[PDB]
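Protein chains: 2
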Amino acid sequence: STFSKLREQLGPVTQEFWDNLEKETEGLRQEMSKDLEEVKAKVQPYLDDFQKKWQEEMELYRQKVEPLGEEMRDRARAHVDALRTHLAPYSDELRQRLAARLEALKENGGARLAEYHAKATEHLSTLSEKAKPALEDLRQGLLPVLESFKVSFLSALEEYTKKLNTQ
Amino acid sequence: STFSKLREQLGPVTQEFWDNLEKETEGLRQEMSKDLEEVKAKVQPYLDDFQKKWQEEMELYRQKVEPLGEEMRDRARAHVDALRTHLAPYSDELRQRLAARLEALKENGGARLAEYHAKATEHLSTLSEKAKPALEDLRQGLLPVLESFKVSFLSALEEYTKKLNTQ
Numbered sequence: 055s056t057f058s059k060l061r062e063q064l065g066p067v068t069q070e071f072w073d074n075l076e077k078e079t080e081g082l083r084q085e086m087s088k089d090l091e092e093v094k095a096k097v098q099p100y101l102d103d104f105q106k107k108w109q110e111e112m113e114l115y116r117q118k119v120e143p144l145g146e147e148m149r150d151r152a153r154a155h156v157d158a159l160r161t162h163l164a165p166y167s168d169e170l171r172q173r174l175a176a177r178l179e180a181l182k183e184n185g186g187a188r189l190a191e192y193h194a195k196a197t198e199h200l201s202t203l204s205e206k207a208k209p210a211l212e213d214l215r216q217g218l219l220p221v222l223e224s225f226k227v228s229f230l231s232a233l234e235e236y237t238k239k240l241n242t243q
Numbered sequence: 055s056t057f058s059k060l061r062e063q064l065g066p067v068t069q070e071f072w073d074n075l076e077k078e079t080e081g082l083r084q085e086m087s088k089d090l091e092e093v094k095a096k097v098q099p100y101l102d103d104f105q106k107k108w109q110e111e112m113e114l115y116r117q118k119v120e143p144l145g146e147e148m149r150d151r152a153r154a155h156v157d158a159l160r161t162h163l164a165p166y167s168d169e170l171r172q173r174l175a176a177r178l179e180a181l182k183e184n185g186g187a188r189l190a191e192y193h194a195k196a197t198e199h200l201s202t203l204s205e206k207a208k209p210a211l212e213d214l215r216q217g218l219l220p221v222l223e224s225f226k227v228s229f230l231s232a233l234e235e236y237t238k239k240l241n242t243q
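Chains B and A supply the protein sequences, listed in that same order. Using the deposited numbering, the letters of the first sequence correspond one by one to residues 55 to 120, 143 to 243. Using the deposited numbering, the letters of the second sequence correspond one by one to residues 55 to 120, 143 to 243.
No lab work stands behind these hints, which were simulated from the structure alone. The reader is advised that the hints may include incorrect statements.
Repeated chains share a single entry, so a pair holds when one copy, or any two copies, can fit it.
[Stated by the list, open to error] Quick list of in silico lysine-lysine cross-link-like pairs, DSS-like style, CA-CA up to 27 Å:
| # | residue 1 | residue 2 |
| --- | --- | --- |
| 1 | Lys94 | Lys106 |
| 2 | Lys208 | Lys238 |
| 3 | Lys238 | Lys226 |
| 4 | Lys77 | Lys88 |
| 5 | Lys118 | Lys106 |
| 6 | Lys208 | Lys182 |
| 7 | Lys118 | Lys107 |
| 8 | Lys226 | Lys88 |
| 9 | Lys208 | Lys195 |
| 10 | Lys88 | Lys59 |
| 11 | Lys59 | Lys208 |
| 12 | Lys77 | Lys208 |
| 13 | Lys226 | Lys77 |
| 14 | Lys59 | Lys94 |
| 15 | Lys59 | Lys195 |
| 16 | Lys96 | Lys107 |
| 17 | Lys77 | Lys182 |
| 18 | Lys94 | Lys107 |
| 19 | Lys96 | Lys106 |
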C-alpha cells in the first residue's frame with residue numbers, strides 16, 4: 055500500500071514537534087499578560103518614587119557636596157601636596173632602582189639567548205628524532221580513526237535526509 | 055676537512071641574528087635617556103599645572119554646579157514632568173501597537189514553519205543529491221592536495237632541523 059509506508063517515511067514527528075512546542079509556547083501569552091498587570095500596579099507607586107528620588111537626591115546632592145566636596149577637595153590638596161613633596165626625591169631614587177632592575181634583567185638575556193638556543197636546539201633534535209618514526213604511525217592510524225568519526229556523522233545526515241525525503 | 059663544512063652546517067646566521075638585533079637594539083638605551091631628560095624638564099611645569107588645575111577646577115566646579145546644576149535640575153523637573161504627563165497615556169497606546177506588532181509577526185511564524193520546512197527540505201534534497209557524487213571526488217582530490225601543502229611545511233621544519241643539527 056501507499057499509506058503506512060508513506061506516513062512512516064513521511065516523518066510525523068515533525069507534526070508533534072511544532073505542535074508540542076507551539077502548544078507549550080502558548081503560555082507566553084499568559085506570561086505577558088501578568089507582566090503588564092504588575093507593570094501597571096507598580097507604575098502607580100513607581101512614579102512617586104522616581105520623583106521623590108530626585109527631590110531627596112537634589113537637596114542631598116548639594117548638601118553633600120558642601143561638607144564632603146569641601147573635606148575631600150581640601151584633604152586632597154593637602155594630601156597631594158605632602159605626597160608630592162616626598163614623591164619628588166623618591167621619584168628619582170625609585171627610577172634608579174627600577175631602571176636598574178629592567179636593565180639588569182636584560183643583561184642575562186644576552187647570554188641566555190645563546191645558552192637557551194643550544195638547549196632548545198638539542199631538545200627539539202632528540203624529540204623530532206623520535207617524532208619522525210612516531211609520526212608515521214600516528215598519521216597512519218588517524219586516517220582510519222578520523223574516518224570512523226566522520227562516517228558516523230555522514231551516516232546521520234544521509235539517513236535523516238533519506239528518510240525525510242521519503243522517496 | 056671539518057671546518058668549512060662544519061661551519062656551513064653549523065649555521066653562522068644565528069650569530070649575525072642576535073648580533074645585528076642586539077646591535078640596533080642598543081639604541082634603546084639612548085631613547086630611555088632622552089625620555090628621562092624630557093620627563094625632568096617637563097615635570098617642573100607639570101607640577102604647577104597639576105596644582106593650578108585643581109585650583110581653577112575647584113572654584114569652577116562649585117561655581118558651575120550653581143548655575144548649571146540649578147538649570148539642569150530645574151529644567152529636568154519641568155522636562156520630565158511634562159514628558160511623564162504625556163508619556164502616561166502614550167505608554168498604553170504604544171504598548172498596544174507594539175504588543176500587536178510582536179504578536180502579529182509571530183502569527184505568520186506558525187504557517188511559515190510548515191512552508192519553510194518544505195522549502196528547506198526540498199532545497200537540501202536536490203543539493204545533497206549532487207553533493208553526493210561531487211563530495212566523492214572533492215574529498216579524493218583533497219587527499220593529495222592537502223598533502224602537498226603539508227609536505228612543504230614538513231620539509232621546512234625537517235630541513236631547518238637537519239641543517240641546524242649539523243650531524
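Are the CA atoms of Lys226 and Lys88 at most 27 Å apart within a copy, between copies, both, or neither?
Result: close neither inside a copy nor across copies, 49 Å intra and 62 Å inter.
Measure nothing new, just compare the shortest in-copy and cross-copy C-alpha distances for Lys88 and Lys59 to 27 Å and report within, between, both or neither.
Neither, since 47 Å and 87 Å both go past 27 Å.
Can you tell me if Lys59 and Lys94 fall within 27 Å by alpha carbon in one copy, between copies, both or neither?
neither (56 Å within a copy, 90 Å between copies)
With identical chains, the pair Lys226 and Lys77 could be close in the same copy or across copies; at 27 Å between alpha carbons, which is it: within, between, both, or neither?
For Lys226 and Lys77, the Cα distance exceeds 27 Å both inside one copy (37 Å) and across copies (54 Å).
Checking an output row: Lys96 and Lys106, CA cutoff 27 Å. Within, between, both or neither?
within (15 Å within a copy, 50 Å between copies)
Could you figure out if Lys77 and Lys88 sit no more than 27 Å apart (CA to CA) within one copy, between two copies, both or neither?
within (19 Å within a copy, 75 Å between copies)
If the cutoff is 27 Å on CA atoms, where do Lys208 and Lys195 land: within, between, both or neither? Let me know, please.
within (20 Å within a copy, 52 Å between copies)
Same-copy or cross-copy closeness of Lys77 to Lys182 [CA-CA at most 27 Å]
between (70 Å within a copy, 14 Å between copies)
Within, between, both or neither, where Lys96 and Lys107 count as close if Cα-Cα is 27 Å or less:
within (16 Å within a copy, 47 Å between copies)
Intra- versus inter-copy proximity for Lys106 and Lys118 (alpha-carbon distance at most 27 Å):
Result: close both inside a copy and across copies, 17 Å intra and 25 Å inter.
Given a CA cutoff of 27 Å, do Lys118 and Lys107 count as a within-copy pair, a between-copy pair, both, or neither?
both (15 Å within a copy, 23 Å between copies)
When no copy is specified for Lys208 and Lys182, does a C-alpha distance of 27 Å or less occur within a copy, between copies, both, or neither?
neither (37 Å within a copy, 60 Å between copies)
Checked against the numbered hints above, the structure violates hints 6, 8, 10, 12, 13 and 14; every other hint is satisfied.
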